[PDB]
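The chain below stands alone and is given in structure tokens; this is the form deposited without ligand 8TP.
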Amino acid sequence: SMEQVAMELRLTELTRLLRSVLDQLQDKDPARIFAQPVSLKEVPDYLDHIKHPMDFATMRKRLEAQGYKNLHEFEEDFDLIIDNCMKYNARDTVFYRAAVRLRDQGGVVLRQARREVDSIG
């Protein structure tokens, strides 16, 4: 149907906008602490601690399969990156502090993205 295609064009445009959002958030992690999944080889107990791991590469695969239906879903995954890190690592660690900084800096980007998603439909 023509409706199905119009829907698909909106998903595609959302995917375009989320890709740019993703790039901007990832620039706020110049150390690449959140680039890749936590290694189960190097942290064998990780899944005893963290039930839903997340990282920027895993978000990027979902993105390019057009697997985010709305900004809320995308934000949930971004928040997992931050929240997982702040639970697993202590406050006095480079990792915890990197999450805080990403959260604070990401807030600005996400604030405007929400306006753009509402605005452009």
Given for the second form:
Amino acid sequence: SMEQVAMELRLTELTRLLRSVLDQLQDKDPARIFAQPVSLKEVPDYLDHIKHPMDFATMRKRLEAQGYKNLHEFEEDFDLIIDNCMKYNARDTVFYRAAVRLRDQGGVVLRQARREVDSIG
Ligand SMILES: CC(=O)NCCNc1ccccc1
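Can I get the form deposited with ligand 8TP bound as well, since the one above is the form deposited without ligand 8TP?
Starting with the chain above, the whole complex follows.
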């Protein structure tokens, strides 16, 4: 139907906007601490601690599959990256501190993205 095509066009455009957001957010992790999933070969007990792991590569996979239906779904995955890190790692670690910085610097990018998504429809 024409309606389904129009809907798919909107999804494609959302994916394009979210791709830009994702690149901007990942730029705020220059150490690439959150770039890949935590390896069970390196951290064997990780899944005993964290029930819903997330990372930028996994987000990018879901993104390119047009698996984010709205910004809220995207933000919930971004939030997992930060919240998981701030649970698993203690406050005086380079990991926790990177998560704080990513949260702070990313809020700016997400504040604008929320307005843009509301604007464009
Ligand atoms: C994203 C995150 O929580 N990173 C810290 C915990 N994972 C870790 C993996 C290899 C070596 C040291 C630590």
